[PDB]
Amino acid sequence: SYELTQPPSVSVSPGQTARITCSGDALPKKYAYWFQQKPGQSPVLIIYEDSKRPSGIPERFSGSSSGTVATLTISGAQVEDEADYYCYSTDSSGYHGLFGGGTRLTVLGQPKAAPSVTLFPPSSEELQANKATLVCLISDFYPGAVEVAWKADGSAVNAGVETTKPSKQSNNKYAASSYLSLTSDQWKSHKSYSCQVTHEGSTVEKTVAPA
Amino acid sequence: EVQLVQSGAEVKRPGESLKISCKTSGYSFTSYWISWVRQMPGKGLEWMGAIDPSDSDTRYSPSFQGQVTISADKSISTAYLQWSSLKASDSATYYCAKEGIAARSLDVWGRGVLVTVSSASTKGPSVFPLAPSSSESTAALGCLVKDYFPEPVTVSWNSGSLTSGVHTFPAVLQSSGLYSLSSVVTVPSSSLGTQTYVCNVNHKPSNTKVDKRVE
Numbered sequence: 001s002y003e004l005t006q007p008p009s010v011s012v013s014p015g016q017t018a019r020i021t022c023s024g025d026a027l028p029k030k031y032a033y034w035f036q037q038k039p040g041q042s043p044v045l046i047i048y049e050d051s052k053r054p055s056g057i058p059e060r061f062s063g064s065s066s067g068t069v070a071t072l073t074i075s076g077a078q079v080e081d082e083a084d085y086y087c088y089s090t091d092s093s094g095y096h097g098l099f100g101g102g103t104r105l106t107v108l109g110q111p112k113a114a115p116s117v118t119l120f121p122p123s124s125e126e127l128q129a130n131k132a133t134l135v136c137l138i139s140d141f142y143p144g145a146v147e148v149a150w151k152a153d154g155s156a157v158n159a160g161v162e163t164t165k166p167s168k169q170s171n172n173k174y175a176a177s178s179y180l181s182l183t184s185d186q187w188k189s190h191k192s193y194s195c196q197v198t199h200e201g202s203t204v205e206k207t208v209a210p211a
Numbered sequence: 001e002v003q004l005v006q007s008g009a010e011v012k013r014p015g016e017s018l019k020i021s022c023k024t025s026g027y028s029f030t031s032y033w034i035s036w037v038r039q040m041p042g043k044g045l046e047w048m049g050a051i052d053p054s055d056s057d058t059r060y061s062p063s064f065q066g067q068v069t070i071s072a073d074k075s076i077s078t079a080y081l082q083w084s085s086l087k088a089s090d091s092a093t094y095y096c097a098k100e101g102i103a104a105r106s107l108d109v110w111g112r113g114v115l116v117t118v119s120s121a122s123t124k125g126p127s128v129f130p131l132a133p134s135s138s139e140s141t142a143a144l145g146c147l148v149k150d151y152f153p154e155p156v157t158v159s160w161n162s163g164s165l166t167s168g169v170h171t172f173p174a175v176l177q178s179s180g181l182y183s184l185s186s187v188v189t190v191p192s193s194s195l196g197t198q199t200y201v202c203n204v205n206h207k208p209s210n211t212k213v214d215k216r217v218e
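The listed protein sequences correspond, in order, to chains B and A.
Just so you know, we're using PDB author numbering here: the first sequence kicks off at 1 and counts up by one.
Mapped onto PDB author numbering, the consecutive letters of the second sequence carry residue numbers 1 to 98, 100 to 135, 138 to 218.
Hints may be right or wrong, so weigh each one.
Said to hold, decoys possible - List time: in silico SDA-like cross-link candidates among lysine to any residue, alpha-carbon distance up to 20 angstroms:
(1) B/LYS131 / A/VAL5
(2) A/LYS87 / A/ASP57
(3) B/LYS206 / A/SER134
(4) B/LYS206 / A/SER179
What the hints assert, rightly or not - Some chain B residues near chain A, calculated using beta-carbon distances under 7 angstroms:
(5) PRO39
(6) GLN41
(7) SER42
(8) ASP91
(9) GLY101
Worth flagging that the hints you see were computed from the coordinates, not collected in a lab.
Even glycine gets a Cβ: it sits at the ideal position worked out from N, Cα and C.
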């Protein structure tokens with residue numbers, strides 16, 4: 001069908017200019033609209049009819065449309081501009097609305113921070129129920145993006161991993177957790193297990209061993 | 001002022017029917033289209049469809065056409081969105097929106114309604130203690148809050164008397180449909196032997212609270 005394509009993520013330093021693009025076949029003929037969405041809130045209209053600003057929207061937001069690409073420009077981005085941005089338009093007929101996939105705008109404004117990682121072995125109570133859940137807790141990282149992998153005796157763990165998305169802490173850093181669900185027999189069948197947390201191109205690994 | 005008031009949060013099972021509502025005020029209800037927009041957890045906004053209350057005309061996105069029904073009752077200025085048989089992937093926040102003058106323009110939004118579609122039954126958590134293996140000035144203790152449904156759960160330590168250094172993590176949603184979370188606290192190892200540590204785990208949806216001693 002018809003689609004509006006946005007970059008999944010854009011990063012900007014405070015005071016710099018961010019540009020969020022939105023590609024669509026019918027944009028040369030149709031108006032684009034831009035919505036800002038912050039967590040637990042309804043979307044807010046930022047730009048309408050390609051380039052118009054509603055009353056009260058900060059001057060730094062501007063819109064344009066050239067060819068099949070609409071662009072939201074945020075001049076001098078502020079930390080309060082950190083949000084998801086959605087473009088919106090119609091199909092070529094004009095009868096159906098359509099959203100882009102959204103762009104997560106990260107406004108940095110604090111130094112990179114490596115994650116603190118704590119890995120817990122299974123409790124004896126859970127083991128006596130023939131289950132073993134490994135708990136990998138990840139905190140105080142910035143920016144809010146991590147990748148988590150698990151290993152058993154150096155080999156990849158291909159199933160049983162459940163990992164949260166990052167969540168903002170009160171200090172504006174991020175937290176996440178990852179869980180590896182095993183049986184008691186699986187836990188006791190290996191010499192060690194590791195939780196591997198990759199952040200900004202580097203990795204911290206924590207290991208536990210049946211004792 | 002234009003106001004859109006939506007019905008309350010819903011927890012349904014796959015295959016069940018559901019009808020949610022959007023009651024408007026502050027403008028001529030039959031003079032503007034009403035759009036419905038949804039957002040699955042952690043996903044993007046999706047335009048579902050719209051209705052013209054002046055003549056019952058409906059338009060649907062190709063992704064939703066024939067799978068949901070939009071309707072309206074002008075007598076009470078209310079629009080509706082309904083399913084005869086929900087899918088699990090229909091878990092989403094659903095917004096109604098008064100349209101503007103241009104077709105499909107979105108003018109005023111409702112606050113949204115949270116709809117959870119899950120096969121999981123309501124279940125209180127199993128709470129397990131988290132301790133390090135048997138160095139020594141402090142120690143990290145915690146509680147694993149395993150396999151509960153639905154959200155939310157709250158956690159305190161020592162009945163709320165212990166707050167310094169407590170980190171309670173948001174839950175993971177498992178493929179089973181059940182949730183799990185953990186809470187951890189760093190304590191002095193001098194206290195380990197004279198200070199008891201108990202995590203208080205409250206799950207109002209199942210009317211269950213667990214106070215787990217961690218040694």
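Going down the list of hints, with the structure as the test:
no.	hint	verdict
1	B/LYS131 / A/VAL5	violated, 46 angstroms
2	A/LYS87 / A/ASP57	violated, 25 angstroms
3	B/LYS206 / A/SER134	holds, 13 angstroms
4	B/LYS206 / A/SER179	violated, 27 angstroms
5	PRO39	violated, 11 angstroms
6	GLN41	violated, 9 angstroms
7	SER42	holds, 5 angstroms
8	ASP91	violated, 9 angstroms
9	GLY101	holds, 5 angstroms
The structure is inconsistent with the numbered hints 1, 2, 4, 5, 6, 8, although it conforms to all the rest.
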